[PDB]
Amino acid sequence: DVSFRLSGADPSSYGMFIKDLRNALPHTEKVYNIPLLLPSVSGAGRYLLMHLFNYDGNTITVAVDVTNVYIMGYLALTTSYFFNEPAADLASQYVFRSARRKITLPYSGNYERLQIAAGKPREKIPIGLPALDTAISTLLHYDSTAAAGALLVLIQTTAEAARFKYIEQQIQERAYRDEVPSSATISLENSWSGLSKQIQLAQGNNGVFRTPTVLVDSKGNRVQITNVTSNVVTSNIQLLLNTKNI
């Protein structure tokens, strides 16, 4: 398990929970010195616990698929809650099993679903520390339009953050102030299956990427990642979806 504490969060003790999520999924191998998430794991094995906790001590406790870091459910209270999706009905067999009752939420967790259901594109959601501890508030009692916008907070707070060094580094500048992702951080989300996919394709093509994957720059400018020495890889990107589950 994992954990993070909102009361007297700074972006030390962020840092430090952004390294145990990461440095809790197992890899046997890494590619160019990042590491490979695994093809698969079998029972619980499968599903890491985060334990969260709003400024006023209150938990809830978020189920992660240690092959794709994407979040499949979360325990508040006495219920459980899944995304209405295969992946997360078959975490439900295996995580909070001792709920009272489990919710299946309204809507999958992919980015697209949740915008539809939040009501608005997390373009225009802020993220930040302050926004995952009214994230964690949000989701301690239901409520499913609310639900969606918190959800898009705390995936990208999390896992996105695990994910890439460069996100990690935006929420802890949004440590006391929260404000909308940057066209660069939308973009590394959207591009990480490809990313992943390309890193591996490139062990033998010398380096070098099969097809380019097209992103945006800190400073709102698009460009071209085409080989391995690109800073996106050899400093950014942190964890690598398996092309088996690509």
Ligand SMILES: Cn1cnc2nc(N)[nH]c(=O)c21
The other form holds:
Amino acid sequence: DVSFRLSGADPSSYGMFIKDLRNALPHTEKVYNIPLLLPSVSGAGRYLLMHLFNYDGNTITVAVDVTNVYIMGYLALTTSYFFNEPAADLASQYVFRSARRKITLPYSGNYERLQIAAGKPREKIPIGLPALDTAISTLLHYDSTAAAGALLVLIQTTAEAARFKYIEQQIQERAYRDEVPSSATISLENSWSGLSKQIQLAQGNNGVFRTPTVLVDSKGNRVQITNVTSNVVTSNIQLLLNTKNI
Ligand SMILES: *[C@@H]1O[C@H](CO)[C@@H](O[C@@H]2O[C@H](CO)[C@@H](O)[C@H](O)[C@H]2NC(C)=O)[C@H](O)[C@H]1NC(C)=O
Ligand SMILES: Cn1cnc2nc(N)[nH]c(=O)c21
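Okay, that is the form solved without this ligand; can I get the form deposited with this ligand bound now?
Full assembly next; the chain just shown is listed first.
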């Protein structure tokens, strides 16, 4: 299991937690030097448990699917909360079984559905470590509308940071001050799948992408990624969703 305590957290400890998270994910092979995530895994070994502690010491345990890094649900004291979707439901059979009651949230865990339930797109929700602290706080006591917002912050300050060096860096800059995400961040978040597929399709194609991937950069200018020599591939992305899942 991996743990992170917001109390006494600085950019450095966060970096270590995200490194720990990355190393918690299994993989047998690397593609162009980046860990390729497993196609599938059997039983309880498919889920990673994250223990998160807010500033006051309260905690929630989050269950993450190790083949994609998707959050499936979490535990607050004695109530387990799971997304309203098949995979999440499958996940309820191996984790948080000793919970007194299990609640199914009224939405599945994809950005589109979470942004609807939250009432705002993630362009306008501030993220950072202070926000993570709030997120944890908000999940300790049920409120489907509040949880949507908190989960959008949680998914990004953990899963998305794990997948992209850039996003981990964005969060370290927001260690004592929240700030809405840059469009580069949103763009990356949205391309993890495409990039993952294209970096794999370049393996028997001299490192050249079958189809170019379009992102928005630091400045907000539209850019095209056609090949693995790009910074995004050489230095940004840290995990690859196996094509068997796309
Ligand atoms: C692969 O991507 C690189 C960019 O990392 C392309 O780079 C060209 O050369 C410089 C720096 O590498 C770029 O800024 C230029 O805009 C590019 N000029 C060209 C040749 O178009 C490189 O071209 C790409 N190579 C491919 C497509 O195999
Ligand atoms: C980032 N992301 C995209 N679809 C997702 N679906 C679930 N269930 N959890 C996630 O963290 C997620």
